[PDB]
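Structure in structure tokens, see below.
Removed: one protein chain of the complex. Kept in place: all other protein chains.
Going by the order they are written in, the chains are A and B; count residues from 1 in each one.
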Amino acid sequence: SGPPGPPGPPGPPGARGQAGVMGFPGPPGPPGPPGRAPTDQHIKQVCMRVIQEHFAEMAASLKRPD
Amino acid sequence: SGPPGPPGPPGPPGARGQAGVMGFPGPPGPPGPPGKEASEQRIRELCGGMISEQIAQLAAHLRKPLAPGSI
Partner (left out) sequence: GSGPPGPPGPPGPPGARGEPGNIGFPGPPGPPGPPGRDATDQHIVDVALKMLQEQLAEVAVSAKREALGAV
């Protein structure tokens, strides 16, 4: 005989969930800056160098009308 | 005596799992494109005159002067 006892305590917390998935990797970086193109002044300077390194050749052809 | 009391209620849900870590960095980008070459036309524009002038100057040096130039 007698009334049931008091209710038991709440149960223990459930198990912890699994770790989350790693994020996707990032995209590739942008392509680099373009290489440099010749300026007008740079073009002129190369032509000047070529001419100056070819005076002997120029002179050979300037005698040729003889 | 009376019987044991009823069971307690269920325990709370377990904690959420550890957060996923951040993704890897992406790779470096590729090299930029090559510099654009000057056109042959623009080279002829910039250098035609100096070639002509130096040719005429050398012809005078050699005492073989050319047909007269343009004014």
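The rule is simple: contacts are C-beta pairs under 8 Å (C-beta built on N, C-alpha and C of every residue); 3 or more make two chains touch, one makes a residue touch a chain.
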item	value
Residues in chain B touching the chain absent from view	1-38, 40, 43-44, 47-48, 51-52, 55, 59, 66-67
Hidden partner chain, residues of chain A it touches	1-38, 42-43, 46-47, 50-51, 54, 57-58, 61-62, 64-65
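Note that in this section only the chains that are shown with their structure count from here on.
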item	value
Geometric centre distance via CA averages, chain B-chain A, whole Å	7
Chain B contact footprint on chain A (complex, rising order)	1-38, 40, 43-44, 47-48, 51, 55, 58-59, 62-63, 65-66
Interfacial residue positions of chain B with respect to chain A in the complex	1-38, 42-43, 46-47, 50-51, 54-55, 58-59, 62, 64
